[PDB]
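Just the one chain here, laid out as structure tokens, in the form deposited in one PDB entry.
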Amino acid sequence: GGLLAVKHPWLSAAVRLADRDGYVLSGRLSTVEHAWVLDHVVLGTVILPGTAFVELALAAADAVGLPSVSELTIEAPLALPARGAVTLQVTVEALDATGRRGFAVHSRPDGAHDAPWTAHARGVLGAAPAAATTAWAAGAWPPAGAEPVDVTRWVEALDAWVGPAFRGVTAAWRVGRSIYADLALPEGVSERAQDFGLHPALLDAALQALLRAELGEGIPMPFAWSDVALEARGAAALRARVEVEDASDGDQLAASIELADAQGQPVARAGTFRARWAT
């Protein structure tokens, strides 16, 4: 024994270091078992979506007893092999005075114990506001004055090469600064949605909602996250409120995401997520 058990599709083991105040989490991401991940294709290459690093961080967070991610930045995409697996590792660092720990997410081609590790994401685990109220999701759906948004169109930025698991927006509307949306996964991927804290395809769908609103040149590309917390795990379809921040969206897009189930109760919140426009 001597290993802490983590209940997650992509993480299986955790050790507390005796050398340092820290933890090392380990796992495997097999393309054969999560085939849906292959639907996330970016310019010809299957890329692990950024929301998957959010889920990995959220899982490490609960494992070391610090729920929520304070900050998360993706500095390198993780390309996945069709028909294969990747080894993952989360390094968690010391506790600071704020009551938070830094962390990093690494990957290594599976079976290659010789191969070097690759850093993909860094951030801070810690105490964040866990949205206990989603006032907007209760009551009339969509909210009063909601103007429907065309999700059904094909935008190169979103639908090129992509398989059905990442076409997860049923409906969307905009009211002032807010985008509201119905998010749902396809019937096949919905199966294991209970197995994730928040299904990465489900959380990506909230980003598709905002991208199809702000493309209705350059593509806003998400790379960073703040104050992300999970209230209810295993959600398969939810209502979303995406509120864009006013601060001259043009060089860099920033928005808030909150998520609620069909019954109006809170599921998750991301205080802000950052995207930067680029070709």
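Positions refer to the first chain, counted from 1. C-alpha atoms forming the largest set that superposes within 1.5 Å between two forms make up the rigid core. What changes on going to the form deposited in another entry:
No residue of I74, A193, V124, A131 other than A131 has its CA displaced by 2 Å or more between these two forms when the core is superposed. Core-superposed comparison between these two forms: the C-alpha position of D249 differs by no less than 2 Å.
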The other form holds:
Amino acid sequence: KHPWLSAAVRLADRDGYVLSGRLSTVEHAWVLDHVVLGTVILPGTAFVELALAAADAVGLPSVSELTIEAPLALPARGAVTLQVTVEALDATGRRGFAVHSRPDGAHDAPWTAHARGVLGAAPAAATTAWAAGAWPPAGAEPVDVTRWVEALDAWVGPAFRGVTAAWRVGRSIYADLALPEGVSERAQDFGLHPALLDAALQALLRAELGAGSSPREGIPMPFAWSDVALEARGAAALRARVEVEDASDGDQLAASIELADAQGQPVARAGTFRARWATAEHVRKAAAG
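Return the structure block for the form deposited in another entry; the form deposited in one PDB entry was the one displayed.
So it's only the chain below, everything else dropped.
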């Protein structure tokens, strides 16, 4: 089952699936803590979670690609209806998909597309030996996760403060991630709780927007993910390795993410995450539609 998807229909007239559900900000008030430069939107890691749920429903192991097209503005006390569409399996073993929402109750309001991509085979496994033994890895320098970062600390609520400690060795950020109290109780209901995957992004941003960085307007916003596969569902706390790619584009940030459980074993990996710097007005306008 899933907290946000209540039906998974295998289509009868073509090779495809339609997953439907509902996201209530009363039942899941934690999502409202995701305030982005003043605008309340669902975290993009929630689209990853929904795509991972679709992969499980259709028997594929990975989200090969996901593009975020438009944010999902969250009602202060209401619900949105969700739909995940999954297309036919092609000769390379891949399926297109899309994630959509519409305001709850308005049964002929138009659907809004938030994310699209392709489901497929899983990429190569990555060791989690970095999570075993010495922690942090030898030679690490601390990242002060309590140091103020305006773009995060001015805005987000408690569910989106999920980094308990972080360090860096060169391009690799190592972090302890944990869902806050209250929020953690639902972790077992998700494939990968969106606030827990978002904590890996928080660790990256605190490292990149922190001490010694040049000030910049706004915040990097995820727009694309590649090769995201879960090995274990329902985790509440993790160790993370976030390896930053050398940025060939000054307006973008890119990294891989690897997550390990408390026993040192793999939980999930994202081959690539890509973000682009966005201003407050850009986010406001995008959420307004």
